[PDB]
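In the form deposited without the ligand, a lone chain appears below as structure tokens.
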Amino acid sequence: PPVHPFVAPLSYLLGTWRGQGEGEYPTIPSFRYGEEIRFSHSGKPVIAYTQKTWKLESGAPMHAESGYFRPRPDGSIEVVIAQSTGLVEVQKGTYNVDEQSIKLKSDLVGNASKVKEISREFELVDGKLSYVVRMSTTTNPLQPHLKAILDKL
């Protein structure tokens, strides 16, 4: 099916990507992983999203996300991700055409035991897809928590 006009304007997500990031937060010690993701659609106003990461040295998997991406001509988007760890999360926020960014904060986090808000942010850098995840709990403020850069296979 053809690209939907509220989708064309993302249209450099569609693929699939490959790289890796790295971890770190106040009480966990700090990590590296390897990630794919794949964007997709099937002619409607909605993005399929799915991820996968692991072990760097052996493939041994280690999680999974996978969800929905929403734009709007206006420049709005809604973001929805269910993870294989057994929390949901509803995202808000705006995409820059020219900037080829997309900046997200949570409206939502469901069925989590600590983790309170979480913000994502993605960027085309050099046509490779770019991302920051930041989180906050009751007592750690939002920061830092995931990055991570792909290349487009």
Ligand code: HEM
Second form
There are 2 protein chains.
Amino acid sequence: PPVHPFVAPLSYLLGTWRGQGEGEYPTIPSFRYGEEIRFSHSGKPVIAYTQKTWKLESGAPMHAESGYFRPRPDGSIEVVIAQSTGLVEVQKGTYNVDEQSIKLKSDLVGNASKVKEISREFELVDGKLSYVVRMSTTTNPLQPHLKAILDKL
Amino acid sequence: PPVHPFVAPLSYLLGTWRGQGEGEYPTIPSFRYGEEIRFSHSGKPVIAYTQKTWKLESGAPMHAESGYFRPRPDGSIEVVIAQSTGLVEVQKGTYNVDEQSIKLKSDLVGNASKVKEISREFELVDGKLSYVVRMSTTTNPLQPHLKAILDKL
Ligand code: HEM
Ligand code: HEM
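Would you mind giving the form solved in complex with the ligand, to go alongside the form deposited without the ligand above?
Whole complex next, starting from this chain.
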């Protein structure tokens, strides 16, 4: 089906992306990971999102998550994600056409033992998809947990 | 990777399923839909779930959702789902090995305008996957919205 007019401003996302990231937090040792993301659609005002990650040295599967991006013509967007670890998140924010960026902060984090808020910020930089994920916990304020850069395949 | 021992009791789910369902609610006219579900895994104690639905007469895409099933050896299970419509849900309940059934009720429904609780009940019947989804709204008590039966492909 054709791309819905609400999805068209984010059409740069559509496809498969692969790259690598670094994870961190004051409470844990830093680590690296490989990541692959697919964004797809079915003609609705919604983009399907799927992630998988792995250990670089072994290819051993790590975290996965999936969900839906719902952009609107006023530049607002909501994103819902379920994670393999048993969390859900509702993200709300805005996208910027000139910057090809998306800025989100959680309205809800469900089924967490420790996490309170999550923010996710994406930007296309020289055609590569970059993001930073920040989180707050019961013992730590909102700060980075993940950063990755992915090439479009 | 091999099936994780926590996933093995639900190994009957793994694969792709296709069939059809009927949707209803006191507030809406009844409708029919086609559905396809995939259950997969990556060696973790987690089963990935993806759904798509369509109009039977046209093949036109309808609802999609995705998430993760997390069974444990005591017979408990939690399921997290994100829906294309912008909802998230945390489901908790139990599975029964002798019946090949799974019974879930929501601990949380996020980003809903109307829905309060959702329950989902699955059973394998003569090798086919059957489910009933019930929901409560601001104006209606917990009752069926969806029922479907799918054949394993
Ligand atoms: C928004 C998504 C994510 C959230 C909310 C999240 C949350 C957390 C939390 C709360 C911790 C424990 C910190 C503590 O104990 O103080 C943690 C640790 C960790 N995370 Fe994440 N995580 C996310 C994504 C990921 C991803 C994508 C990966 C791998 C690619 C990952 C790998 C790890 C690892 C290796 C640890 C240390 C071991 C552990 O406690 O499990 N996380 N994460
Ligand atoms: C647990 C999953 C679902 C939930 C919580 C849900 C929720 C709802 C709600 C709250 C309504 C409005 C009822 C009212 O206004 O009183 C509705 C209507 C409807 N639903 Fe569902 N739904 C789900 C799954 C599905 C699926 C899988 C389909 C299609 C295959 C579907 C198709 C429809 C249709 C055609 C209507 C009537 C038009 C509309 O209001 O959108 N729903 N649903």
